[PDB]
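> Spelled out from the first residue to the last, the chains are:
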Amino acid sequence: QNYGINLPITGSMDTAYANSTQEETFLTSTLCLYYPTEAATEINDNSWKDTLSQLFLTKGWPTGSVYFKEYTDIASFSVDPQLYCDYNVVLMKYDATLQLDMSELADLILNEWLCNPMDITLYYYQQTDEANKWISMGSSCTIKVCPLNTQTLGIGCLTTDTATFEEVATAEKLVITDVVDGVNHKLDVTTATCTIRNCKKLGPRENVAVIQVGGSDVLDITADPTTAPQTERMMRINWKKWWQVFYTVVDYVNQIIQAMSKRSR
Amino acid sequence: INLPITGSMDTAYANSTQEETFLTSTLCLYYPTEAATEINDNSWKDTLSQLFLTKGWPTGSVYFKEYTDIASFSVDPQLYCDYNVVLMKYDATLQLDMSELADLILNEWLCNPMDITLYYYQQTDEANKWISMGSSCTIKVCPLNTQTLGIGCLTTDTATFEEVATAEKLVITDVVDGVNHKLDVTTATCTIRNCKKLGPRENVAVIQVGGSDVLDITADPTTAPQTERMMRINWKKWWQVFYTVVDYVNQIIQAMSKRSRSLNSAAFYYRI
Amino acid sequence: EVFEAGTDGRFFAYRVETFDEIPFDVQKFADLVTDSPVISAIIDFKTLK
Amino acid sequence: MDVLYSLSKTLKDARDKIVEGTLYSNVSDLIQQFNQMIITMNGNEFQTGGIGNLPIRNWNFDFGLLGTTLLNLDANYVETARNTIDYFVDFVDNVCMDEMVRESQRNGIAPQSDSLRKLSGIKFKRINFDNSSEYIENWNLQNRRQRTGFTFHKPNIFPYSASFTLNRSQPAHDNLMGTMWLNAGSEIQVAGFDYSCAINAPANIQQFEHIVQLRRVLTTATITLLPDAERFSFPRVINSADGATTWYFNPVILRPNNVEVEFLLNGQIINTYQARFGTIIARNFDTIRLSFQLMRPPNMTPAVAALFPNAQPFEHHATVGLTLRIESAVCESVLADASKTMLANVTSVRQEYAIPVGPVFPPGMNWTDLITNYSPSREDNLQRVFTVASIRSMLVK
Amino acid sequence: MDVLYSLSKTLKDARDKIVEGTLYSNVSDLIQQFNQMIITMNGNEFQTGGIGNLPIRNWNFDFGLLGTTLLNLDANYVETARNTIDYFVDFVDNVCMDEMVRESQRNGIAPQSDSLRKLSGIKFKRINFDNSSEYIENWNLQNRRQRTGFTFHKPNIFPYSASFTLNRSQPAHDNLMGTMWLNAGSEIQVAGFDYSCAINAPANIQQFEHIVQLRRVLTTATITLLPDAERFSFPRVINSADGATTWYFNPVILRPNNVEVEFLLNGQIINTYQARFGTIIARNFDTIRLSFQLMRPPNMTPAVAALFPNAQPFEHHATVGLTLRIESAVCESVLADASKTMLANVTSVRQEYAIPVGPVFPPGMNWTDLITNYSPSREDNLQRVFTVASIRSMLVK
Amino acid sequence: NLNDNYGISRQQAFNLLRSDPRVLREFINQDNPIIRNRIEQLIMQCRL
Ligand SMILES: *[C@@H]1O[C@H](CO)[C@@H](O)[C@H](O)[C@H]1NC(C)=O
Ligand SMILES: *[C@@H]1O[C@H](CO)[C@@H](O)[C@H](O)[C@H]1NC(C)=O
Ligand SMILES: [Ca+2]
Ligand SMILES: [Ca+2]
Ligand SMILES: [Ca+2]
Ligand SMILES: [Ca+2]
Ligand SMILES: [Ca+2]
Ligand SMILES: [Ca+2]
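First to last, the protein sequences are chains f, b, 1, F, A and 2.
Each residue of the first sequence is one higher than the one before, counting from 51 in PDB author numbering.
Each residue of the second sequence is one higher than the one before, counting from 55 in PDB author numbering.
Each residue of the third sequence is one higher than the one before, counting from 680 in PDB author numbering.
Each residue of the fourth sequence is one higher than the one before, counting from 1 in PDB author numbering.
Each residue of the fifth sequence is one higher than the one before, counting from 1 in PDB author numbering.
Each residue of the sixth sequence is one higher than the one before, counting from 729 in PDB author numbering.
No lab work stands behind these hints, which were simulated from the structure alone.
Any given hint might turn out to be false.
Chain A side only, calculated, beta carbon under 10 Å to chain b, not exhaustive [as the list claims (entries may be wrong)]:
{"id": "1", "residue": "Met41"}
{"id": "2", "residue": "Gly43"}
{"id": "3", "residue": "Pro159"}
{"id": "4", "residue": "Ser161"}
{"id": "5", "residue": "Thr165"}
{"id": "6", "residue": "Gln170"}
{"id": "7", "residue": "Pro297"}
{"id": "8", "residue": "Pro298"}
{"id": "9", "residue": "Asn299"}
{"id": "10", "residue": "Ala303"}
{"id": "11", "residue": "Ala306"}
{"id": "12", "residue": "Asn310"}
{"id": "13", "residue": "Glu315"}
{"id": "14", "residue": "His317"}
{"id": "15", "residue": "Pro362"}
Note that the Cβ used here is the ideal one computed from N, Cα and C, for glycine as well.
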């Protein structure tokens, strides 16, 4: 059990495919859904959770392995999302005005970020690679940046007059900022109501699954404007009600969990 | 990983992994408000940064996270740094608090939630404890017998329950391992979790700024150990304490080792 | 054994006493030109012969 | 054994040379050898078989000699010679079948099939005619210790081994680095794959090495090396080590750079080849080291830049391959090939007469598990059965 | 080679037997042998040397016979005989020093040092007197292939390896499990160490296995198996595999329980010993499997209980050891020992005369790299040089 | 040690005496431990 190390693995091509770990992973794992308040609002039923649980019970998932966790709105969810389960599903409504925020949410939860803190009053920060971004959470973040030159002086901005800084956010609950990698930036931030963290995007999180409910696929996880990929756990649906959506999820929960895979870290 | 590792005793190998990360370390101090109070300066953080720069740590690697009180810090301590140092003042009326904080941060915990009402829980081994965090946690416990009745207590009258925590923010409760207990906790103001102790956290280092060594990290009274990352200092000012820490940070860093299990921000893992 | 070379992409291997071309041996000319003293081709093989 | 090969060779040369119309000048020496063999045999009674479905046969030799008075041969002589040769041919074939099926760890070179011992006695030594064949020659050499050699064409020296090795793995198998090899018979196909095309690795390069450690030495190997191995160059769905989950593999073949093929003997490097593909030679080697690299192209056109992004999805996996075939070689020991049928005759005899599993050979003589542990006992018994199989094949095909 | 040994033996026996006053009835046969040697040698010119700093010498034998007329030898006879013998002794020493240096991958048994090729002729075969010594007897036998064997006291068959293996590791190296071993010469000192003392393990038991795979099969080995390995029983500061960092090792010895020693052959088991110590025997083995355990004491005193707590610090690491020393043994092949100076003579000659490195033996003939790869060519050449070394040491010690 | 174990030619010996980089690096590429050890020791002595 050599943890903290990475060793060469080996195998063969003559070994046969083993049994189906389904009907056991459901029992020794847990499934957490994240629905919006609009769903329960439209529904207007108190026993819909027990109903979906008794339905899951047919697919194999036992009674107390399923969890439902409401969220009033996509931004309130983006505010410190704490996903601690063994299989997470996230039903996400589409709004053309919220596109960037509901893509930042995806880039935050679908992936696994290694996040170090940040202190703006003392230091001036720079990015090193293309995956070392700055994610800001809080209730209203107003972020301004002033890049510096080789000799610690601004570029189109002054290091005293914060009004001359360059604005990238304006009262956003979640922000993910990428800047030019190789230049030191001086920052202004609403530290009182927002925390900023310098995070490196590691390999992806195979434990969550986003399901867009409405419009066409728009989520550009990769900040670089060349890939625009569609990952396997990035699902779309077209909706007019919510019971049909929940029945679809329950009937196709095995494909979802096949698209997902228990975490590594 | 299950596979094995090999070695030797004659070689001088020199062949080893080289890679990159956040810029070759990070460090975070946790100092009490009293220190900045005594100092009365608004440039001492930058002063200490430029000092650490002599020891090698670059500008954007050292951080300070002020904490008002030991209890406030114990309430949801969110450590996310590659090296953590915790300066901690001595107070004989707080021994259990600043030993529970140590047993929480120095050791690595795997915690599952708990539903007091619908269920009655128990401990399996000598490492499965119950940690409760919040603003004021008053806990009461009634052991049970084979026939699901009480023992010196009554399932109905909460006053008959036996008290173990009174007006505490962090509590680490160990009860008899192998019996079902019924609990009463201020669930409105505190959250209790069934936690299991794992291999230690080599990423934090406690520094008792004051009196003699008291921290009994191990709840069992027979060990009373003292780890390499459990330090002591004698103090009359805070500038001298910080200069000492800075002059001897390379030994602190030789005593601390980066994590092995995974990355996480809190003092315990969640596994439902 | 003399190994010549030029930036214009010519390469002649020959002998010292009786100038007579020979197949050019890369992976030997390189290990020689690395360390062994190198000489200018003012009297290059064509004119030399 | 030498006298067995002598019997088989003079019987072959008798069925061939002794034909109607031919001339006694061409066959007088062979006829004298035949008559000497008959004189030696006559009066001895042999037994054969008694293992599995081999029947127990008793041979009694009382024959007449062959005349030497004629100049040209007639049918009245060929008929006698044929009636006298068929019996000896059946006897030698039955002895060879009785000997190919017996095993022993104690002195596997010494003969089993006790009739063959009796022939290895010192009265039957007047039968030797010529020990010319390669197998009997190397047998006599080994008895009179000398540097032998069997020249093999496409030798089956590698046991079938298809397998992979992952040096950077995950549960979801979405960013992998590793090497995959199929070592089969006389050929090897190795291939190193990286799903990131060496974007994070240093200098935009990733190193792959495969060390094949042969069980027996080889010499004068003529080898054909090529890039871009085939069977690891198309989409695949492979199970993990524990056979629990599967992972996909969609390759994109590049060329191996910094390629180095090292033929070693006792760890001492012997032959080295750098960036040379085609027909190469190895003079003495017990180990092969194939060490290649995967180099990210620094300049890329759009159609290939769209395949190697700086993000984890990586639906195209960069690969570099090498194929290596040992077309011909020489070995101081005995193996199987694509030219000779000695192994097939042995295994066919055993499968036909239903011999139980022996202490030495595995069941069915699976060359994989019989080369995997090429111990000296197995090597001796294999030389022996191969020799008598060649001897039998010289008579019955 | 037989004639070289015969020369050496009859010169030895001439320097021993022929002394003033002795009786011709005791040395008549040896005098006839010496005179025949002189006759066979008279008229030949030998050359010796030509490699490294070894000089080039020319020998021309024209001596006179030894009188068969006397009854009691006198000093005027012994003096002439010794004047004759010292030349032959210098010639034989020089031939042996010419032959111990040369090598060949093709027919290493076939002589080198062409004076010895000349002595291999059929006009020199009349010199043979007797071949009784162990090495020459095994030489003649292995040529006339038979079941041979050399007897060894404390043989050097294990190549020097001092290494460990961790089945549970961390970067801090505070809770480990693994096995350490020193395999050197005739001794194997192995030690399985667990820092937790098998508290988190099932049944309070932790297993360890150590598999040694010899390159040549031994026989009739007398072995001493003791517990509590010594050189893995004191504090240590050992480096990681990758050399990055180090770790402390403070051992505390415990007995190995349910111990097992399996002496195997081609994967099959031959001998098995359970909970036996002291002197043991092994009739044949190519592989040794030591299997031992660490059993946490169910009962414990205050001190040892305070040394083995249920928490991670673990400042006293439990260990279980085994020393295994091969005292005597027997082997079909040739090795080194702690009794014989053959390897020492060979290496001393090569080092003295600055012999360039050859195709077969490793540089300087370091027994570690010579037994880690003991291929048949190396085996043959080593047997040859060891035999001529024994010969040279029968004369000059 | 080198002349004894790795038997050495006259030219190689003269050039090693003269401390010739050509033959020194020919050995260091021949992977001669008797020289690689000395050179690694020069490193471990040229550290500071
Ligand atoms: C594997 O699956 C087969 C087919 O359903 C089943 O017969 C077998 O019992 C399974 N293996 C085990 C260990 O149960
Ligand atoms: C490390 O490198 C040295 C020289 O490059 C080499 O001799 C040694 O074998 C390497 N280590 C291993 C374990 O191969
Ligand atoms: Ca946003
Ligand atoms: Ca960037
Ligand atoms: Ca501006
Ligand atoms: Ca407390
Ligand atoms: Ca009570
Ligand atoms: Ca407990």
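> Would the hint on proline 298 (chain A) stand, with a C-beta cut-off of 10 Å toward chain b?
Given a least distance of 17 Å, the restraint on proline 298 (chain A) is violated.
> For the restraint on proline 159 (chain A), tell me whether the closest CB of chain b is nearer than 10 Å.
Not OK, violated: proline 159 (chain A) not within 10 Å of chain b, min 12 Å.
> Should the interface hint for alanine 306 (chain A) be scored as holding, given a Cβ-Cβ cut-off of 10 Å against chain b?
This interface hint holds because 7 Å falls under the 10 Å limit.
> Using Cβ atoms only, decide whether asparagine 299 (chain A) comes closer than 10 Å to chain b, and label the hint accordingly.
Since chain b brings no Cβ nearer than about 16 Å to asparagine 299 (chain A), farther than 10 Å, the hint is violated.
> Identify whether the interface hint at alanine 303 (chain A) stands, where standing means a beta carbon of chain b within less than 10 Å of its own.
12 Å, violated
> Holds or violated: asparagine 310 (chain A) as interface residue toward chain b, Cβ cutoff 10 Å?
At 6 Å from the nearest chain b Cβ, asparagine 310 (chain A) passes the 10 Å test, so the hint holds.
> Can the hint on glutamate 315 (chain A) be confirmed by a CB-to-CB distance to chain b that is less than 10 Å?
Holds: closest Cβ of chain b sits about 9 Å from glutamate 315 (chain A), inside 10 Å.
> Taking the closest Cβ pair, is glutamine 170 (chain A) under 10 Å from chain b?
6 Å, holds
> Is the hint on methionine 41 (chain A) kept, meaning its closest Cβ partner in chain b is under 10 Å away?
51 Å, violated
> Could you check if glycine 43 (chain A) really has its C-beta closer than 10 Å to a C-beta on chain b?
Violated, about 57 Å.
> Taking the least C-beta to C-beta distance, is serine 161 (chain A) closer than 10 Å to chain b?
This hint holds: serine 161 (chain A) lies near chain b, its Cβ roughly 8 Å from the closest one there, short of 10 Å.
> Let's test the interface hint: is any C-beta of chain b closer than 10 Å to that of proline 362 (chain A)?
17 Å, violated
The earlier numbered hints that this structure contradicts are 1, 2, 3, 7, 8, 9, 10, 14 and 15.
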